[PDB]
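**Q** With chain Z's structure known, arrange chain V on it following the hints.
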Amino acid sequence: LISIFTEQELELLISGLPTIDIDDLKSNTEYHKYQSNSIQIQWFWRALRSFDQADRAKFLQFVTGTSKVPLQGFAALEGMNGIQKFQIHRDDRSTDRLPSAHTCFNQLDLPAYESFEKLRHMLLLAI
Amino acid sequence: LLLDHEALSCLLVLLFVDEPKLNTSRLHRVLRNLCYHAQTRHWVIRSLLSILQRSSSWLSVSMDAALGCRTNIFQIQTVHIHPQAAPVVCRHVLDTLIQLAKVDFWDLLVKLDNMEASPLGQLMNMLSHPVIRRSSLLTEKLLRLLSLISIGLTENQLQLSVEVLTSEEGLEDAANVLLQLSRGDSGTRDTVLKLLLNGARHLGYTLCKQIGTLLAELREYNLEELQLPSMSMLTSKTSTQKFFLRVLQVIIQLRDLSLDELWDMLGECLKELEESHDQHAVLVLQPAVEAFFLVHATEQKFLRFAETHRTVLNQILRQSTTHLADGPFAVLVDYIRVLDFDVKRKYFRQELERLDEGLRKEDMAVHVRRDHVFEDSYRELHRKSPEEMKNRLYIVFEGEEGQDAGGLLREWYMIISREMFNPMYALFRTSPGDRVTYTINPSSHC
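Sequences listed follow chains Z and V, in order. If you read the first sequence in PDB author numbering, its first letter stands for residue 4238, the second for the next number, and so on. For the second sequence, the positions run 3179 to 3234, 3284 to 3304, 3321 to 3346, 3387 to 3398, 3427 to 3462, 3575 to 3589, 3594 to 3651, 3720 to 3751, 3851 to 3893, 3953 to 4099 when PDB author numbering is used.
Worth flagging that the hints you see were computed from the coordinates, not collected in a lab. Using N, Cα and C, we set each Cβ at its ideal position, and we do this for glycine too. Do not take every clue at face value.
[Said to hold, decoys possible] What follows is a list of derived Cβ distance ranges for each label pair:
1) V:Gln4056 <-> Z:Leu4238: 30 to 36 Å
2) Z:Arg4286 <-> V:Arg3971: 20 to 26 Å
3) Z:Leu4247 <-> V:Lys3732: 20 to 26 Å
4) Z:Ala4349 <-> V:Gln4056: 55 to 61 Å
5) V:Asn3649 <-> Z:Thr4332: 50 to 56 Å
6) Z:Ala4349 <-> V:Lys4037: 53 to 59 Å
Chain Z extracted, bound-state conformation:
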């Protein structure tokens, strides 16, 4: 009966769905090979805004390794070596592979998916 939840969903069942201040995350995002006005990033923010609270939480778990929202806000987002902001990296590998995460750096490698719909589909399939 507990096994109907995923390993994500069990966290969301015990600790609850978080409220994600997308403005705090966006204010505390670091872009490495994308830029804040890249089209894949505007697609990212549109997708993540269109995702429900549970898929947002699954994204936070995907990139930080947890659904826990920092009390102080994402400015206080910890990584392995002190406060590490969330971060989006362009994955220069083939764009037929899912994004990949290195949560100790809060690091996303994100292929340059050709469209909003396709990027959204791949991200939702990842989470």
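**A** Okay, now just chain V, sitting in the frame of chain Z:
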């Protein structure tokens, strides 16, 4: 022979006169007691059934039937009942017959005025006759009667038309009739199953016509909220969807229908509703989906369906109050990727309550010290049973004032979930990578 046929005829004349005051349950119990005598029963029933067939001065009984029309119930010229009064004579006779099923008259009647299993065939023929076939009430009562009595081909056709055409209780009594008949004979089982299938195929064909108009009109709606008028004849309480699902639920109840033109166009219709950026707009096809998953996913193809419409079937289930693990969509319990998180959470809590529905839960005290809550709770509970844990815990801190128990419970859970991560208990340690998470302390053997 306690009473003669003239005294029985005088009692039976009371069924025609519609008086609200008259105690007709007492009259039914008089006829019931008299009908313990087999010859009296046989004449009484043969007369009541002649009253039904003839529905389909002492005898001057004026019933107000309609506006400006006060009919005489009896037209004597060979005695006929005026069709305005007929539905009431039918209603009172079926009320009496339901009790006699739990347990010449005309010539006698004019002589006054001048001064179980065999007739089941007549009661099945009665369904063809217009005053009954019109009235949902008389149909419901006659079906209740047949459902009691049941404890040929045309007569089953007329019983099935009661489902293919227009009463949920009366049609569940019709389901009971059709089942209890199938219990009778393999030949009546077979003929009624195959004629159900014939009607269900007609219903499927016209349902595919209706959904084909709906889909076409959704194309014409997009190519330039949803109130497509083709939707009205699906929203309708008496829609072919509900007839089709009803008939299939009876077929599947008798098991203990080839329509890929329907199933694939329900498919592309659902896909074109979902692409049309409206959500409750799907629900006008929920009973056709439930029929699909009834006929398929027999107690695969339903899984590819639930995949290509996954978020749609989730919208269906989330909207539905049908209990996920008691309704038809229960089969997908084990293929869990096909449900939403909060749907699975609801299923969790309902299935949990189903498994634990037998336990009466009490309130139960837990006496703890603000500085020791963790160890006092451990001492109190760690030998307690699961069912003692399942009681509603209320926590008492020594000498503290009374306060709201809900806030006090929230505080108690918060303090415990904190004390879990005090290293003095050695239960959990932070991940050296994340440094905010917690996993079992491998140094808890201390």
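**Q** Indicate, hint by hint, whether the structure satisfies it.
**A** Verification of the supplied hints:
1. V:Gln4056 <-> Z:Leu4238: 30 to 36 Å: holds (34 Å)
2. Z:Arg4286 <-> V:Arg3971: 20 to 26 Å: Distance hint for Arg4286 (chain Z), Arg3971 (chain V) holds at roughly 21 Å.
3. Z:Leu4247 <-> V:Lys3732: 20 to 26 Å: Check failed, 41 Å falls outside 20 to 26 Å.
4. Z:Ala4349 <-> V:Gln4056: 55 to 61 Å: Holds, since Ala4349 (chain Z) and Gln4056 (chain V) (Cβ atoms, about 57 Å apart) stay within the stated range.
5. V:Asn3649 <-> Z:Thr4332: 50 to 56 Å: Since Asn3649 (chain V) and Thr4332 (chain Z) have Cβ atoms about 30 Å apart, the given range 50 to 56 Å is violated.
6. Z:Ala4349 <-> V:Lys4037: 53 to 59 Å: holds (57 Å)
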